[PDB]
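As structure tokens, one chain now follows by itself in the form deposited in one PDB entry.
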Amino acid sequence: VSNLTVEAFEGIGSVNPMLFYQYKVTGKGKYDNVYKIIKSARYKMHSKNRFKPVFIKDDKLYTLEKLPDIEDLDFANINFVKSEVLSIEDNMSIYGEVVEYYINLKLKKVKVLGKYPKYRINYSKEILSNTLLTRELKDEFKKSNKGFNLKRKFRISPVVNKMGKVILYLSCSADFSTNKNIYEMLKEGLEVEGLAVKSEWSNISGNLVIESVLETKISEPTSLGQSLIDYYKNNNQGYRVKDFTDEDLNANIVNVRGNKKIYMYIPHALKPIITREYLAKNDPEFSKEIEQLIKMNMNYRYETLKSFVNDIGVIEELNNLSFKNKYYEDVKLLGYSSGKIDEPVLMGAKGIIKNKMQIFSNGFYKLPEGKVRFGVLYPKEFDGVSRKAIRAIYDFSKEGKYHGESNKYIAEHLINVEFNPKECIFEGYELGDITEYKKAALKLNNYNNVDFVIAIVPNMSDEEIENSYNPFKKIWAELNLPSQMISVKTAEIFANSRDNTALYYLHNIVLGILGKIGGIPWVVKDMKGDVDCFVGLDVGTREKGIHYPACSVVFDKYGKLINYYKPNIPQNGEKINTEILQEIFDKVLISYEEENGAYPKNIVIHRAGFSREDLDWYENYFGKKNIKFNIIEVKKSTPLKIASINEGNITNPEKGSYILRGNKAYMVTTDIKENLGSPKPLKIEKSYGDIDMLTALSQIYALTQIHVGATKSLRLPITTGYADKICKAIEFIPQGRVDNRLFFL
């Protein structure tokens, strides 16, 4: 076996309790309260005084050296009060920002290649390094020929306990930048339209996109009311337009939309948001090159953070505070407790299966009773490829033969499909306007000889005449007909290939068409613990003020999806009511009653995005029905990463291993080998319950292995994962009542 760790660095030495300088902030201008301007006063007195450390405790303010207080600042004025040695046992945050400050000050003087500053530092948690690492440990810049800049984005967040020892938690993630602007991209005549841009000067938040580019110069007064150079002289920003030459005044104005107004900002300020769309459409060699550097296995992340901490060195302002360069050998020393979860034994038609691929020889666990008649849309210039495709997937579904040749890997009749090729419904459709796609799906649902659509769509790329996917899924969800839709590229894989590169695709096709007609391929053989049903819940929030109400999902102790339940009344705000929880848990009790002739006695409630609020309702509802129950909060995206160790060597962790402290657990559920990155684990915390977190996490991981619409396991559990996929597809579900056919899959 092996051991697990978190990306953490011990501190050699200890912070001895330093002498600070208390300060005070009075709301001289309009901001009467001290809370709304304590951050801005912190940065202002940090900036006016040679970037010396300035700290904040809840209403007060601090420094670390005696700094002359000032009164000229218009929003607030600062006055010295006193100077004390702050006790380390009662101050964790402020010695945290001490150690964070001295990491920033020790790194600001580190230069690479002689002249070039290796790090960009604004005295915070975020430390951008201009220099990446490579796999061969070369501190090398990474630039394009065009002017794109990959960079690291290190993140210190040290904590220091009551005694004095400090633990430096790190996480390297990379960063995309470019030196060029909208200015330079106009000067080399690139069509800058439709780009996502970032205002480098004004720090407004909002997805700024380019509408047009006005032919008027940026030195001429506009509809804003003045010249734009006057606009930046009047924002205390005129040192940016002071550098402007004649040709900089020969730039022309680029208007921009922020979904609330249009601005008029000069192209020298703006800069395109380098997404992978932009790297792909503008220099694909750079994008394919840096994909090895973006995705980082834990060994290369440890090498990157080793370079970072060796560039900390030793801080002589904090009693020679050094940080170690290796991780902890065990997170027992940090607080966590590690282990690996044994994988669940899964079963289909005939018992235990060795892999999830073997089910096509074995056979599916449940099939919905009846025959399921196909029906196919396909593009009008893509006819023979589509007929070969549906021939392939229908031979794999019905006949058990893969491009004609029957094999031992696939058993026959695994879906009870009914597709007579000379008799059943095909419709062709020309790739055109949206109402053609709507009437095309309507035309396939006129002829009522279809029980499962298998449409063919153009590819997600090739942004000429658009994807037929979304209008088809909207229509086939409104009209209650499940539809597994295929790309033309996958159809051409089915037509053209003489290899298994259509077989793996075809496995996932048939698992999709099984789950969408209401059959479930695999279940667990035995779910550990004493449990009778699982109830996933989740909610959503699209943007500001938009909220998705809570759609549930109901399993059994095998993990087969009994039901999923949209509730009736929409919520108010983020917090769903008590009536929603009332009808959801009434209907899980009804549904488990209907499936099994009895009530659940143990209901494990996985959930995401719920607070510890409204636990009192859960106590109420399952005391009054005396059903003991658990609530396990499964957090989808945690920033913690987990490494592994075989005698000091860092690798990715295998799937199933966890780290656990009390009732918060992190667990890697997905197996990601090197050259594809590090696994991004699951944060799992028990809100209320009485089961140990070993069986709680075992139910979690066993529900990750039962993704019923692919062959490789979903990272999330199928409770929280399928609950969230129902919450995203909030329209495709009918309002308020149950279904079993996994449309989202």
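Numbering follows the first chain given and starts at 1. For the two forms, the rigid core is made up of the largest set of C-alpha atoms that agree within 1.5 Å on superposition. Compared with the form deposited in another entry:
- Only one candidate in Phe176, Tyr278, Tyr599, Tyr504 has its Cα displaced by 2 Å or more between the two forms after core superposition: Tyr599.
- Residue displacement note: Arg42 has its CA displaced by at least 2 Å between the two forms (rigid core superposed).
- With the core held fixed between the two forms, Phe80 has its Cα displaced by at least 2 Å.
- For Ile262, a C-alpha deviation of 2 angstroms or more is recorded between the two forms after rigid-core alignment.
Having seen the form deposited in one PDB entry, I'd like the form deposited in another entry now, please.
Only one chain is given; partner chains and other molecules are left out.
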């Protein structure tokens, strides 16, 4: 089979126990808590003594050479205590930080073209390289004509074991930056009203957008009684305004919104935010060109990290610590156990389907009882386009036809829909006010001959005249009518395509229509392990200080949705309260007992993120009820990438490819081709349970492949994935009694 490896390079030779200088931080201020100042004391002693290595154990600072005890800090009186050779066996993380410091100090001395520094070193795990290794294996500055920089952004994490052997865990991202601030764009004369920007002279994390450009110069005394240059000199920041010339004083004052009031900054201090949108708006050719540079398959990630490690080389102050430029041939050397999980068997109306598109030839597994009467909203200037769109949808669903012809790929009577262009209604709506959208949706429910809406909304782009998706879905949630919304662009694809491109649009639209009416296209034939129901718990954070409700979804062992429970009250944080856990799991056991006749003997709880809930509550709750339960932490955001090494040839791994060490597991659930990036695996760890992680990973990978809303699988299992979809459609939850209908899909 294909071996699996991670982005890791083995260190040649070990590190020795070396002399450290233990320092003490005490709470010199009005407080006495040193834990709230330990990292600040580390950073100030590192920065105030020409960037020399300072490390952190629980209350102490450790240093590789003799530095004077600093009383100059007002918050931290760092003082020498003793001189101790720390052993490797008790100080793994400290020697990991030592190795990453010496990697940083070795890479600071590396140059490109003999003049330019290659790496931007701040002596951290994060390393920005000013140049990029290209696909043709050449270090090149990726700049544009408009000053946009692309920088390869490395993240090192060396791990030292008890013997001193070092394993350099690596990853690489991209970094969008620019050297042109707003002063240079005003010297050039660019439209800067409304740009999302950041201030390089403050560390405050907040959305900064430009209101306008005032004609007042920065040297003129402002509305606060003093000028802005005087305002920067009074803030003990006169060194930033010291190098300003007379032409710099002729800069126009650019006021900037800081989400509470109008801030007043100078245009030299503010730098624009280089998103994909800004980069595409200003220089679209450069944003085309870096598409193969930011979306890196595992071979080009290996070549990038190989060039990085060749730039590291030998480290003469760690007993000649050099790193290999090859990945491990297997992760068994790293403790992981690798493999591939077998594909789920998906059942249809005619039996096993080999692909998800064969469900439109075989027919869906469960059609809901009853006839589905359509209704259609569409904007008024898009009439015949919407005619052709609903014509294509109905010919796909009922009459089994694509482009008017009966197709071998499509079965007749996929969904028992009822749409007659004489009988069914086409209510057109004028684009415009939001209350007119809401009244148009209420007007379409004025006629009781509509059981499902195929409303055509404008594009999610085109920031002009308001989108009707949000008012339509809110009103149809208030009215408990399901609805599949469609952009104007998708309707124009249905009107204007002659190839089979719109067929896949039709596949996903009809799977949406089916899931929203309680139908099921495919089911699992058999789930691995002894499980009765799946619960996917999640708490999402919409904004600052706003949390989504602790959404749960309930599945059976075959992965069809029994239930979802949105608690009506929000909570304080990402931990679910035991009262909310009471609500959720009483709803779980009630729904499983309603559809099955008894309590579930086995529950697997897929907690999205960390299972920070009280485990003693869970043990009491399911031990009083004779329920064996399992808590699996399914985690989305993880910088770890899995490769497939095959006689030294790095490639993207297939879906179902996992690595497993202990309870932590990284599993690839997406099959992503080269020149489209590399697959982001799911970090999966078991916080509680007694099922082995092979069963848990097989169940999670089975739950990824049974996403009933698309013909291609979800990256997340639909426990945590449908919890995310309900957190997205949280203002769109239908009013009436909770059932199998998947509104969020």
